[PDB]
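Taking the form deposited without the named molecule, here's one chain by itself in structure tokens.
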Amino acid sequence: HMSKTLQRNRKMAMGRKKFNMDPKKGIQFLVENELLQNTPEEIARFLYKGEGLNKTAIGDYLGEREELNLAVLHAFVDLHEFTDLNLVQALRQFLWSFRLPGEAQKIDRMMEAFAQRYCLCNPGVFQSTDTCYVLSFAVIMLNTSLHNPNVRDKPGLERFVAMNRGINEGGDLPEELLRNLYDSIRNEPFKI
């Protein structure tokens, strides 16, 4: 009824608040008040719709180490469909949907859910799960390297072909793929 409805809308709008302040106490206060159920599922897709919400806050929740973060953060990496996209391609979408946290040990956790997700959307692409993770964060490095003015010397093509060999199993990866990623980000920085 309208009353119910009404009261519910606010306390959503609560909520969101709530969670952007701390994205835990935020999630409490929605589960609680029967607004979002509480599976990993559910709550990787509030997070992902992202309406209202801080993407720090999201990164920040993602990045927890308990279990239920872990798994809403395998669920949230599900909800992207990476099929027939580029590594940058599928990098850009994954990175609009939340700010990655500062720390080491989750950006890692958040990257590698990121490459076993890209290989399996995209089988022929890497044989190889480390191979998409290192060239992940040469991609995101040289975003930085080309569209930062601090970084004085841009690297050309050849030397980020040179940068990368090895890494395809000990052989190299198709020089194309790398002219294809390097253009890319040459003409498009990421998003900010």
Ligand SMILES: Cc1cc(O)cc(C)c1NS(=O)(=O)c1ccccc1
Contents of the next structure:
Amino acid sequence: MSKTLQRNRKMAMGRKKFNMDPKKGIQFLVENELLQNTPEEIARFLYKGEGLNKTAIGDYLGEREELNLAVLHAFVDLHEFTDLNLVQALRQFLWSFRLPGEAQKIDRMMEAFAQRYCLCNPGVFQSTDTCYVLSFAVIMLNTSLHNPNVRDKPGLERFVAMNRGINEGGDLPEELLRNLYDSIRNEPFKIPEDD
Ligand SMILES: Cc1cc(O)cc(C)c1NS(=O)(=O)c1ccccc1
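Show the same protein again, this time as the form deposited with the named molecule bound rather than the form deposited without the named molecule.
Full assembly next; the chain just shown is listed first.
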């Protein structure tokens, strides 16, 4: 009983430590046998995200060292994108962490996302590059449609034109692009606040 109560408080302390500095928080949890030091177990901890700031989760997933890269891979693997369209998948992924203005880190994260989306849905995009480019197209479209600071609201026809030639030199099916455009137009991305 006393061991359990002590462990519960130390877990809570570990979460607070993580929010101050992700690597120190994970270190405390691992060193106190509250979390196993495996990429999969760390990833599951971050995916659950209990009491964890989404900016802190993003920071940890964005680190360059081997273990953090492995955690990123395992974290993306916890996402189940089978039979979801690209927007549905992005809604889930983009809600799970936050990391603005770190280009190289976002590149790694979005490449991992694109690879996972395509593995889950092999018939949609034959090229993962197509998936990556279209993923950013949808993010850009969300901002263009829903941020009043941009006065050019691109219509469907413009969105279609902007994506020409990215499907192995051909175009994406028009209905795929329409479905993605309409999904974003009717429901903006829910993006985690800076926490
Ligand atoms: C997805 C998003 C869109 C925004 O308009 C603002 C933010 C903070 C986010 N999150 S974001 O971490 O900056 C980001 C994640 C993945 C790709 C691009 C950006």
